[PDB]
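Shown next as structure tokens: one chain only, the form deposited in one PDB entry.
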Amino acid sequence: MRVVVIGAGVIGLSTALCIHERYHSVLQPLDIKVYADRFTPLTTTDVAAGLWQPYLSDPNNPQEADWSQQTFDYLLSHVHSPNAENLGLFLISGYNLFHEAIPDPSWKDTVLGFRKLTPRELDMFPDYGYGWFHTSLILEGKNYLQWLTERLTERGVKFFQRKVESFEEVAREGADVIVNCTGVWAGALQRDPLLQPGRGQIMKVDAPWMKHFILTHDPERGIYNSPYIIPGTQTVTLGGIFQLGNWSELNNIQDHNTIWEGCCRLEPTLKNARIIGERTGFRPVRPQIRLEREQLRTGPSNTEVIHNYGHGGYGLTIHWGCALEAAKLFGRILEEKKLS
């Protein structure tokens, strides 16, 4: 069985791992291959802090709340594990700030010790009069990518640096199943009017005193386009940028100033923190995640395509549930191709 996963970001590597662990049997000899244009240090997955937190407003698709919850429960059970440190996995508590009273989120019982902020706590944030506190998890993109790659490497998965021009090219070069995990660049392989680059920029800062996440929200600004402070393992993530339709890979001075002004006003201690570096990424923006099997009529016999893209700002928060569902879609192919 020949399988080609296109892309080496969070989605591709986890779908490749999930499929390989659930379907690579002696009864199912899988030849899995990873095809990517950009790898482990230079993807949009690396730019992500890795904080587990779904949308403030409920999605149009209810399968997504299940996939996000399923990712949390999985990560939590491995949070005290001997491998936690390599994945970049750890528990964290923090603040959710608002200007108005908001209903409690769907994930209020998934996270640990959810409650509303007390007045004396709210008194610490002059600009916000309402908010939450809970304990979540972090899965840093870069460390997790480094973990997945190495775990795949010891499983025979061969990685290849190349820009894939079309599905047919991969199919004709002997592919049976094409797992499409191209993120925002899925439009280059197949026209998707529901796809747009959710451009984001961040800063990496040396602020070790920071033990909590601090996320502010504003409907005027929109989702992920308002200041956020996310402490990592070696550095703190300074964010708050979202530009729908922007394809500029370079960092810009206005977004730098926006992030810095916003986070230093949120936490004045930050004014003394050292800028380690800055990065730019593209959230694969869609009304909902595209996670389905598509038949491609390549002459007589058809080559199968599993699309797994359009994860927006929640690709780490949801990855595992999407991986298991894509694995479920991979199982249906095996049985429909007389192999189960």
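For clarity, a rigid core is taken as the largest C-alpha set superposing within 1.5 Å between two forms. Residue numbers count along the first chain shown, from 1. Residues that one form lacks are left out of the comparison. Compared with the form deposited in another entry:
After superposition on the rigid core, the C-alpha displacement between these two forms reaches 2 Å or more for just one residue among 29, 277, 287, 62, namely 29. By the rule of 2 Å per CA over three or more consecutive residues, the rigid core superposition between these two forms yields shifted runs at 26-29, 298-301.
Next up, the form deposited in another entry in place of the form deposited in one PDB entry?
So it's only the chain below, everything else dropped.
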């Protein structure tokens, strides 16, 4: 059983690890290989701040709400483990500001100590008059991806830097199961009109006095098109750009100005914070995560393919639930091959 996972993002690496950990003993000819065009720190996961928060609206597939929750419970179960520093995982509390009262989220009980903001807290933010306060977790992509890489290397999963042109080229080379974790670039292997790039731009700033995240929201401009401030381990992430259909992997000046003055008005202590870096990424936007199987008509034989892409701006938030679910789909392929 030769398995080829395409993608070295949080989706591909966690899926490869979760498949190996659940199926190493039931299948000894289990050679897992990871094909990827870019690795850390050159993936979309590296650009993400790493905060655990799903979208405010319910996810159009209630199974995604569970995948988000079991990812949170799994990460929280190791947030006080001594290796949490290596994963880039830690607790963080913060605010979610609004201009008008909105209903509570579906993940209010997943989060620790969810509550609505008191008047004295709202007075620190004059432009907003309603919001939440809650304790969540941050999984920084740079540390988490390298942690997954080393653990996959411990389990004998070889890595190869190459751009896959088609599923058939991997199938014809001997692959039995192809795990499609290509993210926003998935359409290049199979056209999907529902998948489109949600381009974002973030600023990484040195402001170590920031102990809380601050996410603002405006339904007119869309989600994450509003200033947000997310403190990480060594730096503070400033963002607020979300552009559909923009393929320009290049830092914009106007977006830089939008991010800066939006967060500076939100928190005036940032005016003296030095800018360390700035990055551009593409959220794999889709109305639904494509986590499903597909038997490919490739050749006289037929290839088995597992898709998992289209996680939008919540990939790290939902990655572990998607990895477990992709491992279950891998097990059904096993039972149908007279193999489990």
